[PDB]
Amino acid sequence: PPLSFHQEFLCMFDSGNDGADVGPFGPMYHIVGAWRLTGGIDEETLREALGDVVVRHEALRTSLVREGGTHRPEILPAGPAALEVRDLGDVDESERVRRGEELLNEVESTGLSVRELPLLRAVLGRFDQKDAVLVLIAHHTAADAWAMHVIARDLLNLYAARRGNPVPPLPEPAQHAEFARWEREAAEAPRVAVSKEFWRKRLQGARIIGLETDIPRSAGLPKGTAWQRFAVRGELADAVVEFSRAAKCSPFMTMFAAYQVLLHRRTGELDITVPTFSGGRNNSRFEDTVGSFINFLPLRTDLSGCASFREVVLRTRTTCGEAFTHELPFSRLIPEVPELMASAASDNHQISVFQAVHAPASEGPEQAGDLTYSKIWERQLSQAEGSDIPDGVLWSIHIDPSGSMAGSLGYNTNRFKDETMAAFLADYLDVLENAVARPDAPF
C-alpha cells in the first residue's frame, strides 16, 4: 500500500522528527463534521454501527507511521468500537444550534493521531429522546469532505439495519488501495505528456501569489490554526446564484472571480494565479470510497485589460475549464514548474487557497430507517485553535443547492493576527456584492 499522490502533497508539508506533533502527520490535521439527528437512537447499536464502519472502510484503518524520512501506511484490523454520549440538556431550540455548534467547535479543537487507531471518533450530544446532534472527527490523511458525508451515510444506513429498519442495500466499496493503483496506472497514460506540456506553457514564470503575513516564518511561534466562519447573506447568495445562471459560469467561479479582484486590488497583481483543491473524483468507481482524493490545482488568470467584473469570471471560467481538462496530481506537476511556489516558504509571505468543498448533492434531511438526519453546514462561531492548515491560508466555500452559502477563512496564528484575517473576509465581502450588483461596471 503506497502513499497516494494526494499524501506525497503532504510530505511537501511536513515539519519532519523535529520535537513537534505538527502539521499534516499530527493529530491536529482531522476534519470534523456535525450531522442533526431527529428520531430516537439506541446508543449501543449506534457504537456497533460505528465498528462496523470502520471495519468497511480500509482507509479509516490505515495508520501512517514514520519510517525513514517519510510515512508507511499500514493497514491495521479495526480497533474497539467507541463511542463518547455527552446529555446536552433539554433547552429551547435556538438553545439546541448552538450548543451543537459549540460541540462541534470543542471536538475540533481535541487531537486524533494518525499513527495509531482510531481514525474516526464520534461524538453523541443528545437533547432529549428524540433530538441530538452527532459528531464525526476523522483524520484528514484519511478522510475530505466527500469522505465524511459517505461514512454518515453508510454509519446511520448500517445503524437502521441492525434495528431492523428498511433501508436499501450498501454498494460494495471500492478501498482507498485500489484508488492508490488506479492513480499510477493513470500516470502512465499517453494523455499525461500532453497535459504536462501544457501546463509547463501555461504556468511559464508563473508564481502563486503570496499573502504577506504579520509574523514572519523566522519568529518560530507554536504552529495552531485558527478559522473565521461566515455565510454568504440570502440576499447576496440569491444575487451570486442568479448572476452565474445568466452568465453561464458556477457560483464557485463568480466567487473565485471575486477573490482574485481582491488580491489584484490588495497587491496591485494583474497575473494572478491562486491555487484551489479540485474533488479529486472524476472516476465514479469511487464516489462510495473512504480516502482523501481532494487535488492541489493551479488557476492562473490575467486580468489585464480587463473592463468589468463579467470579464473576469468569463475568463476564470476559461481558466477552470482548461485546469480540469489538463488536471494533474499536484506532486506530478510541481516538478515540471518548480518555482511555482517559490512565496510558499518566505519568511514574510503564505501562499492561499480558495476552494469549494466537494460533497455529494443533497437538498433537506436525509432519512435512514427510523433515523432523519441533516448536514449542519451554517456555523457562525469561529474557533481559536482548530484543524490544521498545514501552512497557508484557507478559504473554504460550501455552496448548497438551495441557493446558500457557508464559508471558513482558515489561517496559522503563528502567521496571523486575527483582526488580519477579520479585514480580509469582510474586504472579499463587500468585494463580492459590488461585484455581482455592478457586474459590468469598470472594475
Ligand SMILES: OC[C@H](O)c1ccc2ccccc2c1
Contents of the next structure:
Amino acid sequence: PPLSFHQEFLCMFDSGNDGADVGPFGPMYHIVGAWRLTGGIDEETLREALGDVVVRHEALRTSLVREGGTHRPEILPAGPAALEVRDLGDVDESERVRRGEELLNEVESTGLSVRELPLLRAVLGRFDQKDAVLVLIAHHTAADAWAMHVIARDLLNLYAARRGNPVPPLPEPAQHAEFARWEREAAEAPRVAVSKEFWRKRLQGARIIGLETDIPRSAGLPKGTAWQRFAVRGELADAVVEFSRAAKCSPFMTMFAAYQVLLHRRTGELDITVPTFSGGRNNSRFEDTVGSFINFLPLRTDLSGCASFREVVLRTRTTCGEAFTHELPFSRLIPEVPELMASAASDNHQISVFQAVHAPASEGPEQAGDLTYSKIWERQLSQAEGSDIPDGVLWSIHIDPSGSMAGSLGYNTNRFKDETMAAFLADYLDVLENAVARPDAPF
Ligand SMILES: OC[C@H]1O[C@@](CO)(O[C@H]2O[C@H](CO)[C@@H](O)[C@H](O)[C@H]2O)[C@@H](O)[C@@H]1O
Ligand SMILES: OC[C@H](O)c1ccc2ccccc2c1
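Please move on to the form deposited with this ligand bound, as the form deposited without this ligand is already shown.
Below: every chain and molecule of the assembly, starting with the one above.
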C-alpha cells in the first residue's frame, strides 16, 4: 500500500534522516488507551486474544521503513502474542486510581518502534483477582483514538469467545489499505475541484497562528513532549454543555471559540486560523477499521467586530460547518495555499492545534462475556516526557456524553517551559469560565 494522506501529512512533520530517532516515525509517536476491567481474567487467553487482534487488523502489522527520504509501508505476518502483567497491589480505590495513572504514564514514557513489530503492546495492571487496568499502546501511525476503541472492543470480544462466553459475532472489518485506496479514488471526483476552489479563496492570505516559544528552534535542545492534564470541573462543564445546547452549537465549538478569544488576548490577532483534527471517518464502511484516519483541518475565523462571546461561537459554528462540508485531506489542500504554514518552522514560533477526541460514544460500563470494561478518560497526573507531538502544541479534549471533559495540553519541552504552559492552560480555563458565565456581555 502507499502512505495514506494522513501519513503523508506526517511526512511533512518528519525529522528527516539526520541522527536522531524522533518525530512521528520515531518510537515516541504512540497513542494509549486504558480500560478498567471488572471480573476475573485468564491472562493466557487474553494474551491469545491480543494475538487474534493483531492478526485481524493489517494496520497493526504494517511497519513503516525509511526508504530514501520517505517511508515505505510493509504488511508483515503477526509476531508472537505478548502480554506484560503487573501486580499493582490490593489497595483502597483512590490508591488504585493513582497507581493506575502511574502505570499509564510509565507505559506512555516508553518507546514503540514503527520500523518493526510489534506496533501494539499491552500491559495489564491487576489490583486483585477481579479488578485491573488494561493499557494498550499503539504506534500513532497505525491507530487513532477511534481505532483504540475498536481494538479494545475486538479484544474483549475475542477473549470472551475463546473463554466460551456468549458474545455477538464481530463484523468482518475493512483493512486500512482499502481505505487508503478509497480516499485516493475519492480525491479524483469532480466535487473535489469545487472544494479546492472554496479553500483557495477562503484561506487566501491565511497563516496558521504561531505561538511564541520560550526556547528557540535553533537552540537545538533534545526533542521531548510534556502533557499537562486536566479535568474541566463539573459546574463548568455543565455550563458549557448547557450554553451549547441553548446556542445550538457543539461543546467543541464553544471550547474552540474560547481558545480563539484566548489567542486574541495574547496575540492581538483578529483573523485567527487554527487547525483541528477531524475524525476523518465520515465513511462508515470503515468504522470497524484500525488505522489513523484523523485529518488536519484549518479553521479560519474573523473575530473583528464581535460584540460578545456568543457572536464568537456563532462565527465559529459557521466556520466549522463550511469546513466540514468542504473537508479535504490536508495533503491535497495544502498545495492550494502553500504559505498557510509559514510560522510552523520559524525559529521562535510553533503552531497549535485544538481538537476534540473522536471516539465511539458510550454510556457507562460495557460488557463482553464475563467482563465489564470502561474507558479511562480522566487522567489528572501530568507527564514530563510522553507521546511525541511532531512539532507544535496540542490542546486535546474528550467530551463525554455525561458532559464531563478530560483534557491535555501537550507541548515540546525543547521549545516551551512547563510554567509557561501551566499559565497558558490556567488562562484558557479562566477565559472559558467567564465566557459561558456571561456569553452576551460586551468586550
Ligand atoms: O486527549 C484527551 C484525553 O484523552 C487521553 C486519555 O488517555 O489521552 C488520549 O488523547 C491524547 C491526545 O490525543 C493522546 O496523547 C493519548 O495517547 C490518548 O490516550 C488523555 O490523557 C487526555 O487528557
Ligand atoms: O493526534 C494528533 C497528533 O498528536 C499530532 C500530529 C501532528 C501535529 C503537528 C503539529 C502540531 C500538533 C500535531 C499533533
